[PDB]
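What follows is one structure encoded as C-alpha cells, with my remarks underneath.
Let's turn to subunit A:
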Amino acid sequence: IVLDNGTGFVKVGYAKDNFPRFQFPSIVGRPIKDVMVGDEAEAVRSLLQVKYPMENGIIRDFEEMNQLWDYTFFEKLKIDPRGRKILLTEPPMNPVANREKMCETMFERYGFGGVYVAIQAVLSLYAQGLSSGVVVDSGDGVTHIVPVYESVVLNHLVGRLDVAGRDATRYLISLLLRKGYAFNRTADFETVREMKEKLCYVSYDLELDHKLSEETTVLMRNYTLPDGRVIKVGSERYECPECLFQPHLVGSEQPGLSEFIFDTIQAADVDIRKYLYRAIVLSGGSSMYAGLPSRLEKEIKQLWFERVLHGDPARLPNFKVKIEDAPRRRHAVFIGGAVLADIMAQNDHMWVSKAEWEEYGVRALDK
Partner candidate 1 sequence: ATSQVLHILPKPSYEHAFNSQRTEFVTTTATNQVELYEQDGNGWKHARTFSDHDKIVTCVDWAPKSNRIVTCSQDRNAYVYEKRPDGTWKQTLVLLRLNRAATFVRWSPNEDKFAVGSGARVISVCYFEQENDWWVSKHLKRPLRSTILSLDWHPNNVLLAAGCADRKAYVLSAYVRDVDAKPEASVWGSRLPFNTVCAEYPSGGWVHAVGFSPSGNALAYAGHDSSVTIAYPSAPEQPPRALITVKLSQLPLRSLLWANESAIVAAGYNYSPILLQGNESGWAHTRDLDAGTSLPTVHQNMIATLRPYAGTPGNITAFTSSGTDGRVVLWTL
Partner candidate 2 sequence: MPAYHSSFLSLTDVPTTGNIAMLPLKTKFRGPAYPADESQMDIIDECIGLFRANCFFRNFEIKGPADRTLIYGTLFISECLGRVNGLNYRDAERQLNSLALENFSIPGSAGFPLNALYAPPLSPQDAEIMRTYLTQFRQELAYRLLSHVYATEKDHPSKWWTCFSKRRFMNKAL
Partner candidate 3 sequence: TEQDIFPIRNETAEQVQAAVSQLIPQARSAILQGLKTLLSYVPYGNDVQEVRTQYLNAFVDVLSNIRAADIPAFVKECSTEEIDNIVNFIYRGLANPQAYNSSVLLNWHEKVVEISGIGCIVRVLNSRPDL
Partner candidate 4 sequence: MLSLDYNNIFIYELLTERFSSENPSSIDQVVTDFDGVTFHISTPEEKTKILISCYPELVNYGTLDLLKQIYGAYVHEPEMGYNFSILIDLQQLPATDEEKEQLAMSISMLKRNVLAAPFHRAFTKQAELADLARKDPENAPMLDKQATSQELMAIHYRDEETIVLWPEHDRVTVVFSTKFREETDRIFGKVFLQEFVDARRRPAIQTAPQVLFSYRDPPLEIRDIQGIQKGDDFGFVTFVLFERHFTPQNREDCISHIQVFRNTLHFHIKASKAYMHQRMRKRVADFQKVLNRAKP
C-alpha cells in the first residue's frame, strides 16, 4: 500500500494494518543477484561490499535506489507498479530537488496514477490524534525536529541535532575498549548494537549512577558474544546514551537534546507554546531508550523553573510539560501515514492522481 523511505532502514505494509509487514535496511551489497538488496545484502554481507544510498537526507546511488524500489514493488508488495497507489514521506527539512525527482520517477517509470509525498513528522504527530504539537524525530544519522500548528509545520523552528545512533555506538565501543578490552572499530558492528539496546538504559542520575556502579554488583550483567567468549559490562551500560544529552562529549559543541529543544520552544511566541508544551513527544531514536521520558521531563522542568525567572517553587504546577510515551514510537509515522492514506484515497480532491502521473504542465508546486 504505502511505505516510509528512511535513511537507515525502510518499512512497508498494507494500509490500515495492525502491525508492519516487511522491514528492510538501506544497505545494498556488492559481490546471488547482480547487486545485493535487503536480505541478499545483509545476510550475505560477509562477501559483498555493503552500501547505504540514503544518508543525511540525501542520496548518491540513483541506480541502487531504482533497483531497490523495483525489487520492493516486485516482491515486498506483489502488486503492479502502475495498477496501485502509494504514499511516501521523506525526512523533514529535505530538499525540493529530491522530491521533484521522486515525483518524476513515480510518474514516468512505474506508471503510478496517484501518489502523495507528505512530511513524516506530520504523519507521526497525527497518528497520536493531534493536529498541533511537536515531535522529536531523532533520525539514524541526524535528529530532526520541527513543530506543527494549523496542519502545517513551522519552518523557522526546524532544526537537526548532530547526535545520532552512530555517535552513540562509537562512544560505546570506545568506552568498552578503554575499560580494559581490546576491540576494533569495525571488528563487530552488530554485536555492540545488539548489546546496546539490550542492556543500556538512559538515566538522568549521574551522582547515583557511579555510586551504584562502584558500590554494588547488581548493575553488572553477563553477556554472551557470538563466538562464545563471556563478556562483562558494568558502568558502561548507562553512560552510552548519555552522549545525546552531552553533545560536547562526542566532539560537537551543541546545547543538548533538551537544552536545544527548549531554546527552540521559547524561540517562538507564547501563544503557541501553551499548546506545544502538552505535545512533547518523540518518534525514532529519541523515543526508544529506557528511562528517556522521565529524564527529558525532569530536564524540561528544571530548565523551566530555573532558567528565565524563578526564585522559589511556588508555581511549579502552572506549567504542565506533557511528555507522551507511545509504545510504538518507531512505527508511529508509519501507522499515521497508513491510516491517513485511506481517507485521501476515495477523496477526488487530491491534485496528484491523474495530474502528477502524465499530465505535467509547467507548475508542480502543489505536491
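In this section, a contact is a pair of C-beta atoms (placed from the backbone, for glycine too) under 8 Å apart; a residue touches a chain by one contact, two chains touch by 3 or more; residues count from 1.
Candidates were picked such that all candidates are chains of the complex that A comes from, given by their letters.
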Fill in the blank from the handout: For subunit A, the touching partner in this complex, picked from 1, 2, 3 or 4, is candidate 1
Exercise for the section: Under the touch definition given earlier, write down the residues of subunit A that touch candidate 1 in their complex. Expected result: 324-325, 327
